[PDB]
Amino acid sequence: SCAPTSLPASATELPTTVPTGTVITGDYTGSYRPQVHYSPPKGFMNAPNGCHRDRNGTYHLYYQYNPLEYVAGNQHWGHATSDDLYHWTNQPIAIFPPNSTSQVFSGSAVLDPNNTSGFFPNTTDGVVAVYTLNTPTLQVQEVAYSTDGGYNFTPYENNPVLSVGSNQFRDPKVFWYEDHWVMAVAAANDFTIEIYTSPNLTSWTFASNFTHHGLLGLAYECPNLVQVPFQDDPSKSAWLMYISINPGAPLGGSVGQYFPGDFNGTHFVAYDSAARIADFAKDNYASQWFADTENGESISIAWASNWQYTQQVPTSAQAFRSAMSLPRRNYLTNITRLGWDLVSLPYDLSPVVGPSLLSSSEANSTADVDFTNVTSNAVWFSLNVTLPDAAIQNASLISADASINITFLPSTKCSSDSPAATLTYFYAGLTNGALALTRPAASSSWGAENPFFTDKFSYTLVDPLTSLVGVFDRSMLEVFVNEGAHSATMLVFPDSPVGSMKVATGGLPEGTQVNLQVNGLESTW
Amino acid sequence: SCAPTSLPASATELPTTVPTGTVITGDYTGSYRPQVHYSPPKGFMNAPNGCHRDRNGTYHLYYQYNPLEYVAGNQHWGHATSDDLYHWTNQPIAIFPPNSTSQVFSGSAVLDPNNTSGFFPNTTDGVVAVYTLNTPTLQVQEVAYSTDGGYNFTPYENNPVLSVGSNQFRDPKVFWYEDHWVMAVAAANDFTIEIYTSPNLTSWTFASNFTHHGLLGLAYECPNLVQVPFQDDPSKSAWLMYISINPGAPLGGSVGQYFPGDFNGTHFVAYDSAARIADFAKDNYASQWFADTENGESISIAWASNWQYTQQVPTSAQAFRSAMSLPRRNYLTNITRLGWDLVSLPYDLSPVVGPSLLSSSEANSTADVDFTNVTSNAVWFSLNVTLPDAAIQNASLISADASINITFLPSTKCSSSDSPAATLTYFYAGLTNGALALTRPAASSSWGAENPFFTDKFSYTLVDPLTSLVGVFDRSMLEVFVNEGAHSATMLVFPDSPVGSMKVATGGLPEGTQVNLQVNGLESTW
Ligand SMILES: *[C@@H]1O[C@H](CO)[C@@H](O[C@@H]2O[C@H](CO)[C@@H](O[C@@H]3O[C@H](CO)[C@@H](O)[C@H](O)[C@@H]3O)[C@H](O)[C@H]2NC(C)=O)[C@H](O)[C@H]1NC(C)=O
Ligand SMILES: *[C@@H]1O[C@H](CO)[C@@H](O[C@@H]2O[C@H](CO)[C@@H](O)[C@H](O)[C@H]2NC(C)=O)[C@H](O)[C@H]1NC(C)=O
Ligand SMILES: OC[C@H]1O[C@@](CO)(O[C@H]2O[C@H](CO)[C@@H](O)[C@H](O)[C@H]2O)[C@@H](O)[C@@H]1O
Ligand SMILES: OC[C@H]1O[C@@](CO)(O[C@H]2O[C@H](CO)[C@@H](O)[C@H](O)[C@H]2O)[C@@H](O)[C@@H]1O
Ligand SMILES: *[C@@H]1O[C@H](CO)[C@@H](O)[C@H](O)[C@H]1NC(C)=O
Ligand SMILES: *[C@@H]1O[C@H](CO)[C@@H](O)[C@H](O)[C@H]1NC(C)=O
Ligand SMILES: *[C@@H]1O[C@H](CO)[C@@H](O)[C@H](O)[C@H]1NC(C)=O
Ligand SMILES: *[C@@H]1O[C@H](CO)[C@@H](O)[C@H](O)[C@H]1NC(C)=O
Ligand SMILES: *[C@@H]1O[C@H](CO)[C@@H](O)[C@H](O)[C@H]1NC(C)=O
Ligand SMILES: *[C@@H]1O[C@H](CO)[C@@H](O)[C@H](O)[C@H]1NC(C)=O
Ligand SMILES: *[C@@H]1O[C@H](CO)[C@@H](O)[C@H](O)[C@H]1NC(C)=O
Ligand SMILES: *[C@@H]1O[C@H](CO)[C@@H](O)[C@H](O)[C@H]1NC(C)=O
Ligand SMILES: *[C@@H]1O[C@H](CO)[C@@H](O)[C@H](O)[C@H]1NC(C)=O
Ligand SMILES: *[C@@H]1O[C@H](CO)[C@@H](O)[C@H](O)[C@H]1NC(C)=O
Ligand SMILES: *[C@@H]1O[C@H](CO)[C@@H](O)[C@H](O)[C@H]1NC(C)=O
Ligand SMILES: *[C@@H]1O[C@H](CO)[C@@H](O)[C@H](O)[C@H]1NC(C)=O
Ligand SMILES: *[C@@H]1O[C@H](CO)[C@@H](O)[C@H](O)[C@H]1NC(C)=O
Ligand SMILES: *[C@@H]1O[C@H](CO)[C@@H](O)[C@H](O)[C@H]1NC(C)=O
Ligand SMILES: *[C@H]1O[C@H](CO)[C@@H](O)[C@H](O)[C@@H]1O
Ligand SMILES: *[C@H]1O[C@H](CO)[C@@H](O)[C@H](O)[C@@H]1O
Ligand SMILES: *[C@H]1O[C@H](CO)[C@@H](O)[C@H](O)[C@@H]1O
Ligand SMILES: *[C@H]1O[C@H](CO)[C@@H](O)[C@H](O)[C@@H]1O
Ligand SMILES: *[C@H]1O[C@H](CO)[C@@H](O)[C@H](O)[C@@H]1O
Ligand SMILES: *[C@H]1O[C@H](CO)[C@@H](O)[C@H](O)[C@@H]1O
Ligand SMILES: *[C@H]1O[C@H](CO)[C@@H](O)[C@H](O)[C@@H]1O
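If you read the protein sequences in the order shown, they are chains A and B.
If you count by PDB author numbering, then the first sequence holds residues 142 to 556, 563 to 672, one letter each, in order.
If you count by PDB author numbering, then the second sequence holds residues 142 to 557, 563 to 672, one letter each, in order.
These are computed hints drawn from the structure, not numbers from a lab.
Heads up, some of the hints might be wrong.
Stretch-level coverage of chain B by chain A, calculated; a stretch enters the list once three of its residues show a Cβ under 8 Å from a Cβ in chain A [to be verified]: (1) 407–419; (2) 580–588; (3) 597–608.
Example chain A residues on the side facing chain B (calculated, C-beta under 10 Å, incomplete) [what the hints assert, rightly or not]: (4) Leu-357; (5) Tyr-412; (6) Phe-421; (7) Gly-437; (8) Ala-589.
For every residue, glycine included, the Cβ atom is placed at its ideal position computed from N, Cα and C.
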């Protein structure tokens, strides 16, 4: 009737040896366990890896996995599959280290249907994984191949395929460019993305360096060089270098940044010298794009945590640490003044959208929506606000009190009065365009005490807020502003589960059209 | 026995007309009123302006001033003087708008001892102010001059001296380079610093653009192009472009950033394409460097607030909104891995350092220091930690518990609840190795808890272990300087109850670690 806050020992106890060829069973009933986001059956998960779609339309998600602990270490490649990026099936571990003093760090996977690698004489469904093997003294790039659709991998006989004699050289992202393979890889502590080329994925030639761009933090990680279509014109696209930095992000710990530019097969040249942060909150890192997608779709998934507190979050009693972000559709757009912007929207949520909890058209009202009866404890909401053309042509017409206040309130059934999360936007006044996203300290004993668990985040719009999409999923809130122009991923660990949300609008100009839609989400587990 | 939390109406009531040629009297006794930082006698202050040292060694501080309200507006240039940058004397308003429909926005001031301007036929102590005049439709650059040492200014007869037909064109920073005047000015909403040259400060010629560098935010503001000496070698220096952005900073609202590079009199070229943030907290903005300083001293001062909550902070009942940061000595250094770093240390604090409250050498101890008895409610603290060479060579020898925890605790003698007002946590190792957390707990401040932009927690991660930590607490402000000012944070605190105590705990340190803690009370400058 209420989601368990602690699980039986059977569900939380980790084995002393790594299971091979068997699906690790998971209890997904925890009060903090997300129901539409991916999380491992048990153990510790970090970066997504080897993300690709096979020819039959199955999306493969691999991930950094510690099967033995609820902290980072003993890295293997976990594996889950999905047709829709929401209904996940857990698979046996896909890539193992050679021994117990080695770890399988991040990497990518590609289809090799034309058998450029020479691994696939009798199949057009060959998968090649390119990943970092970590040793006490070295980080080297290794190749493994799968003839069975990416469930079981055989190491390349002549591994490693690439080394620079460094233990700060990792996160290979490989893709096809016209007539050759490209590898983007991080010389992490030199703030350099090295680009290599190959005809066969085993012989790598240095092409170019991308160094000392944007925020340095303490390290470049998980580079992604991808072609992203324009939001308003699918026929147009630009190249984007996405770099994860950890530690040393402005909000502390880990953050993603991106650089729009040109790629010609050997060199990436940023259009300008500007730094652009992907997410205005703290809990979005190591975004990886899916290889071999259909229809020029840019599909990404990120790790929904921060390295400053990911190994301390209070979910280990619920048999997991860390979830992935919602899968994302990516576009590029120009926003007023700022220009280049990476758009992020949730990938088609239709497969998980349950019955409507509220549809409202009232301006200057408070909508109270109870979802104690939604067993997932997960809701989607959409708020459209269309100001009259008068208020767009003369912003001085907008009242200083013109505001949107969204609050997520604790459950009356399943447990002090503090909201678990707040969203505040002002159209005008002294903080015009300021959007505040908060996880109040007062709502979480754990969050209050953790010295890196920041309570408050903000983004300032130039254009008025016209659209707001949100997904709440037990311990996670994702917000998308003005068709994904601005995006924030925020973990919440309230003492009491959320059971309710209030949506207040106030001081809106005469003739403002407000449309509020709220739907419960169906659990994927 | 306790600092007033509200003041008499005579002290808070603002006049309806701006006072001319008269010093505005101020009550500096408020529980939130800093005692070693500058704040205006009453009204609302933002960016520092016209910062310069006259030839007799008097530092002139001008500032964006609303004399009529406790919010932004009706901008004039306020004026305060000091020989040591701590003992401030309030002066009459220095620069007035021509009209009630005009505002004096930010700008700089230079000595013109060789009379290049032609304003100073009979003095070598001439001061020229170059500032933005704001009108409803235009932002233009104007000149005013002072023959009396920068107390009274006459507008240039043929103002404005620079206009581009824009209302997003402001914050002129002017300096002498070899044989000509340089102006750095912000084309704010185009994310461009325009550089102009002049022989006489009245005729300006376009030289170069510096565009789309580092974080854009929503606007480039308060550019500073300055020569900053190397920390470890005073004979070496590099040029630095300092740009303030507001809104749209990562932490929200306002932040400073800098670009080391080369300047050749017309063009600034950054050494790389990297973005570098000056302060790891939220309350440091619109840093301006002092013109005409002695030696090779890089001296800066910032506005110690954030535009997201500066007009809502609960200090108006104490007859002021906004203080300046501590004055800062600036250097450039290379830090491990990251490379280029703007060093910030407090300018000579000696003139305000009172009697010692504690000197300790104990490692693995909690030192409790009460300052209920220091009337300023202002303390300076230094913590030096020297790890053994073994731990410097093999960091695996450092325990996961190796930590430094400093807490500023509420007064029991002056109640308005047991929550610290400010915390500092550093880990040498463990899962967050090198992580320094600076916090202002929500639970300690009803106002801070409720304000949706008043962020509780800030962090910076070191590569090198923490070897030095300097801090100044001043009633409503904490400034920390890490590893000889390599890393720096300014943080406002508005606790319900004033701070009366600080705990300094060290724990899990390797065998033979040397710890030296010095804590001194500060003497009020008012
Ligand atoms: C140096 O930088 C300044 C500021 O970036 C440049 O002036 C500016 O030029 C840009 C681009 O031409 C102007 O932007 C455009 O304005 C028009 C007019 O409304 C608009 O229709 C366009 O869509 C675009 O936004 C901008 O107005 C202007 N900024 C000012 C005057 O402050 C200047 O041209 C640069 N000089 C050189 C030699 O690069
Ligand atoms: C491409 O970048 C790499 C990584 O920065 C360069 O290799 C390094 O070179 C620096 C000096 O420039 C050394 O101190 C580092 O130890 C090296 N790091 C690694 C990971 O090798 C490399 O030289 C660059 N190549 C070119 C063509 O410029
Ligand atoms: O699991 C290793 C994998 O994670 C990344 C970031 O996704 O690096 C993280 O883990 C590393 C190994 O402990 C740390 O050095 C690094 O600081 C942390 O970000 C990838 O770079 C790596 O492939
Ligand atoms: O007092 C104006 C002065 O302040 C700065 C930044 O310190 O700009 C601030 O005030 C402007 C006009 O009031 C705002 O447009 C801006 O957002 C705010 O940062 C300087 O640019 C200006 O000279
Ligand atoms: C484990 O394998 C890695 C690479 O395969 C190698 O560097 C390491 O020395 C091996 N360890 C042992 C102890 O065999
Ligand atoms: C990959 O191709 C390169 C050049 O064609 C060659 O040097 C190398 O031997 C090839 N490797 C394999 C295993 O085919
Ligand atoms: C790609 O562009 C770079 C410079 O941007 C140039 O040096 C290189 O030769 C180009 N390569 C190709 C494949 O055109
Ligand atoms: C943004 O504007 C620039 C300059 O006009 C243009 O080069 C680019 O194609 C635009 N990007 C998008 C996504 O429209
Ligand atoms: C809100 O507007 C968006 C376009 O931004 C549109 O996709 C959606 O249909 C609207 N939502 C509702 C439920 O009206
Ligand atoms: C906006 O309306 C005000 C009165 O509300 C008017 O004085 C001003 O000129 C208008 N501005 C524009 C953009 O027309
Ligand atoms: C909302 O309130 C504002 C000011 O309070 C008023 O001008 C406007 O008519 C109201 N809108 C509606 C839909 O009631
Ligand atoms: C003072 O008011 C006049 C009237 O429009 C305006 O033109 C001028 O720009 C204002 N301030 C000054 C003298 O620039
Ligand atoms: C400077 O002194 C002269 C006489 O030496 C006096 O006439 C004048 O008013 C002063 N300033 C100038 C030259 O206007
Ligand atoms: C300032 O020098 C300029 C040359 O750029 C000239 O146009 C102007 O006449 C001069 N003004 C003076 C000397 O007052
Ligand atoms: C300054 O450097 C710029 C950019 O390198 C160059 O265009 C200009 O000629 C230089 N000016 C001088 C005075 O050397
Ligand atoms: C930092 O390193 C660079 C490259 O070695 C050097 O040129 C520069 O002068 C150094 N800067 C300082 C402040 O030491
Ligand atoms: C810390 O070290 C510096 C330089 O070594 C020294 O001047 C200062 O007095 C020291 N402070 C303490 C508390 O030891
Ligand atoms: C501090 O305590 C630890 C145990 O936590 C001990 O091993 C270490 O030697 C102590 N350090 C000093 C310098 O006394
Ligand atoms: C999880 O927490 C709940 C209360 O929040 C307990 O009822 C349960 O036993 C477990 O400790
Ligand atoms: C929640 O309750 C379980 C029993 O199901 C305990 O094992 C656990 O320690 C927690 O209190
Ligand atoms: C498995 O792990 C959890 C905590 O991670 C415990 O709550 C449980 O008792 C079991 O040991
Ligand atoms: C299944 O096989 C793998 C291969 O290394 C082991 O890691 C695991 O413990 C089990 O033997
Ligand atoms: C300032 O606040 C204090 C308590 O915090 C009171 O003593 C005083 O009356 C004023 O409200
Ligand atoms: C300071 O001023 C406040 C006004 O809010 C008074 O209540 C208090 O008594 C003191 O005079
Ligand atoms: C300062 O506060 C006093 C109340 O003590 C007012 O009378 C005055 O106008 C100003 O607001």
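Each hint, compared with the structure:
1. Only residues whose beta carbon comes within less than 8 Å of a beta carbon in chain A count, and the region 407–419 of chain B has 7; three or more means the coverage holds.
2. Coverage of the region 580–588 of chain B by chain A holds in this model, with 6 residues showing a Cβ closer than 8 Å to a Cβ of that chain against a need of three.
3. Counting residues of the region 597–608 of chain B whose C-beta lies closer than 8 Å to any C-beta of chain A gives 10; at least three are required, and the coverage claim holds.
4. The restraint placing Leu-357(A) at the interface with chain B holds, with a minimum CB-CB distance near 6 Å, inside the 10 Å limit.
5. At a threshold of 10 Å, the smallest CB-CB gap from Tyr-412(A) to chain B is about 8 Å, leaving the interface hint in force.
6. Restraint check, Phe-421(A) versus chain B: the minimum CB separation of about 8 Å is within 10 Å; hint holds.
7. Nearest Cβ of chain B to the Cβ of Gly-437(A): about 28 Å, over the 10 Å cut. The hint is violated.
8. For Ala-589(A), the interface hint holds, since its Cβ comes within 10 Å of a Cβ in chain B; the closest pair sits about 7 Å apart.
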